[PDB]
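Only one protein chain is missing from this complex, and each of the others stays in its spot.
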Amino acid sequence: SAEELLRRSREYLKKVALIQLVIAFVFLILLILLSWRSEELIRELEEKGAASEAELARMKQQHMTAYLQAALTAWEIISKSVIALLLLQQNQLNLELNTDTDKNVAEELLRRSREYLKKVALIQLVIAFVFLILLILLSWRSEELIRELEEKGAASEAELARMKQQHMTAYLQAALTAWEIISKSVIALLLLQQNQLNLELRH
Amino acid sequence: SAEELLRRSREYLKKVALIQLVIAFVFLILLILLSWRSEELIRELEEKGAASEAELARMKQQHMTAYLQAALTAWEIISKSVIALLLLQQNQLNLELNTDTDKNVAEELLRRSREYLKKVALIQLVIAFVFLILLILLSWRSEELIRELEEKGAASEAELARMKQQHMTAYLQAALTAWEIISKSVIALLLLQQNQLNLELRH
Amino acid sequence: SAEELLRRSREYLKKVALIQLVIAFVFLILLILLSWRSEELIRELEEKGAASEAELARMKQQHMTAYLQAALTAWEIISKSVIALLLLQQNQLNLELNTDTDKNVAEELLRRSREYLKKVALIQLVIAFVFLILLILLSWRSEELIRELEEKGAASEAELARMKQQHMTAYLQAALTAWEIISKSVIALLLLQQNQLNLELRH
Partner (left out) sequence: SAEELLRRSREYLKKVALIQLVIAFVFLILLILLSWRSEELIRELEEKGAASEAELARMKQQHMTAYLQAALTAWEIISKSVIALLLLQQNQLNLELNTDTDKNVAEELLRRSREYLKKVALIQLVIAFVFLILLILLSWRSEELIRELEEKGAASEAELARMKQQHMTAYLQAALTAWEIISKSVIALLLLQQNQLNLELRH
């Protein structure tokens, strides 16, 4: 009974992983397409003379901020779903290890588990990388927009100070969010490594 | 003593589940009612000339946004409540399986649990469906409102670009929220399936 | 060793519970005092003519909303704190029961736990009651304020519609918040009741 039920369970877990990959794909494509439309709309307003330079700079900052917030939200979701897939794979691993008790099978299942564990760590390293590049890049652009207005006299001192303060607040918030994503992820990876050690020692 | 105590706990849980179904019903009716009242207020402002076309379109977008956010909040609560009930059913299942150890009772309890598990998965598929359809329809309405204002000249180009951008931001945020709800629900279902498999194999 | 070490832990837990009762009391008082100050500030603005009728009605609504949100927040913390103390007592109880294994001691300890569990359920029922009454009363006042402005012509039709919409939104959000708090509390209590049953059956 267990071997077929485990096979069915394993196939469903793989289907779920495919669903997760599809959602991550849609998020990234949707993020990019919506961003493209926002950049094009701002470009049209600038070319049309539909907004003042200060208004355009603020809209560009709002765009960039929203872009990052969406990216961060997705990153938390993606890391959570992926780390959950790794934990779920460990539960699947244990169900199979407790059924097919052949040591040779257990070592191959454990080897596959280690490869997935490494891959997830690599995924988080990629996420941390893109976060840092995106925040650094968007921040430079935000500061450059404020400078452009200041150089041109497109905004009052209070308006410029507020843009600077609003930016710094968003920057700081992005850092808190990334901090939580990374921190939660590294703790989960260590827990998974400890679980992996016990399974290897037990087989 | 244990059997009557288990009966009382079992009956209590059934009552809790029934209460939650009633609450979810009331929420949905209340959201529909309040949404309708808003639709009527906007309709009268439009017919009466109490607001400009741009003001009315913005209010319609605010209405749709709030509607969806309430629906998403309830969906998180509903999926959490329903999956929690399923977990509570498994907890009750184990209390009885480890008391009344008759395999035939265990089989009745396990078959009922398996059916409940399938039904919850179907519930989440329905919720995900409704979310996607609702966001698509609301998105279509939002774009049409903007198109109307732009063709009529009811709003400046900067105002229209902002509505388009604000819409896209809200659209993406709604998608992210739904994805988080769906993912957590699927993970919980996988964990429950793993628990169900162990219980069936162990009895 | 454990009897004295547990004595110290038991004393600690009692001290923590007393501290939490005091803190919750202080927060209740702060909300009451802060609420008083706010109501008085609005009353004086009305008597002084420091704000228009529509603005005064809006401030009254903002006040009521903030009050309820604070009440809900405090309730969420209080129920989680009380439930955590209830869980901590079961954890402390298991440590004591497996040290002092005298059945007669276990019977007294189990009876005390059961009475506290019932008391906590009564506390949540009281909170749920208060929430429902409070939202209903605040809602009635909100509806009356909007109607007063409508009868007097204190606000444009679009402005009145916006107040009605903001009102309905806040109303529903409060209903959703209370639903989530109450349901989680009920779920936690049932899990504790199921755990209490196994512990009593084993002693």
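A, B and C label the chains in the order they appear, each numbered from 1.
Here is the rule we go by: a residue touches a chain if its C-beta (ideal position, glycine included) is under 8 Å from a C-beta of that chain, and two chains touch if they have at least 3 such contacts.
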Contact partner of the left-out chain, one of A:22, A:126 or A:186: A:186
Out of A:37, A:141 or A:164, which touches the unshown chain? A:164
By the contact criterion defined above, which parts of subunit A meet the unshown chain? Give residue numbers in ascending order. 156-158, 161-162, 164-165, 168-169, 171-173, 175-176, 179-180, 182-183, 186-187, 190-191, 193-194, 197-198, 200-201
Positions on subunit C where the hidden chain makes contact: 1-2, 5-6, 9, 12-13, 16, 20, 23, 27, 30-31, 34, 37-38, 41-42, 44-45, 48, 50-51, 55, 59, 62-63, 66, 70, 73-74, 77, 80-81, 84, 88, 91-92, 95
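Note that only the chains that are shown with their structure count from here on.
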Inter-centroid spacing, subunit B versus subunit A (mean Cα positions, whole Å): 24
For subunit A and subunit C, let me know how many angstrom lie between their CA-based centres, rounded off. 35
Touching two or more other chains, which residues of subunit A qualify? none
